[PDB]
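Okay, so here's just one chain, in structure tokens, the form deposited without N-butyl-benzenesulfonamide.
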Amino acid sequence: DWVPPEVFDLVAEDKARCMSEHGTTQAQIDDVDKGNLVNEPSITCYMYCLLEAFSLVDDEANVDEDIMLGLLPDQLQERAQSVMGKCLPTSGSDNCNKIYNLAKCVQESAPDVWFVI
């Protein structure tokens, strides 16, 4: 994994808040990273929450592609841009479901792109 430990420090406050808001457990987060994702609001709304916290998505879960790419290592950007070509724009019934569908698409196409701590 390329995510360096400093990132865990930076997201700590927003992570704690988002988990509290949505009833998310670390086990659910661990599961996404093992590519087990289910459409459960407690995890899908967590992912929306975290993304919103870092300005990666707006009020209707539209992705800011330049920020999303700006967050990944230079050496994943080419591959990430291809994935975004496939997986964006987002779609779904609400903000949480839009990020569920996005997560599934990215993980099925290139997991290392999908950023969820």
Contents of the next structure:
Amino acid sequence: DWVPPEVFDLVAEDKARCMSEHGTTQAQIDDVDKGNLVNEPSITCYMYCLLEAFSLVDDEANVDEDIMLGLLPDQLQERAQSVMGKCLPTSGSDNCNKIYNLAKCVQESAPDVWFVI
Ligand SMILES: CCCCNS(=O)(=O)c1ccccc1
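Could you drop in the structure for the form solved in complex with N-butyl-benzenesulfonamide? We only have the form deposited without N-butyl-benzenesulfonamide so far.
In what comes next, the whole complex appears, and the chain from above leads the way.
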């Protein structure tokens, strides 16, 4: 990955909170990173939780595309922008399910783009 060790420091406090709130295990996170994701609230609500902590989504899981693209390396932004044209706006039954659907769409469309810390 292009994700540097810094980001792990930066997200540590929110990561710990989000996992505690939702019953998330590190194994579930590792799985999403390997492209294995199911619609289980303990992982889908974790992803919403962390996105929200960094202002990447609002109260109804609408994505701030400019902030999201801003997370990614310059060299990935062209292809990520195409992916967001396909996968946004979000849709689903609740905030966690919206992020499930988004993650599945990004992972299906682009290898290097969705990542979960
Ligand atoms: C392309 C967006 C990735 C979303 N993954 S994440 O929810 O773990 C997350 C990563 C980094 C900051 C906040 C949330």
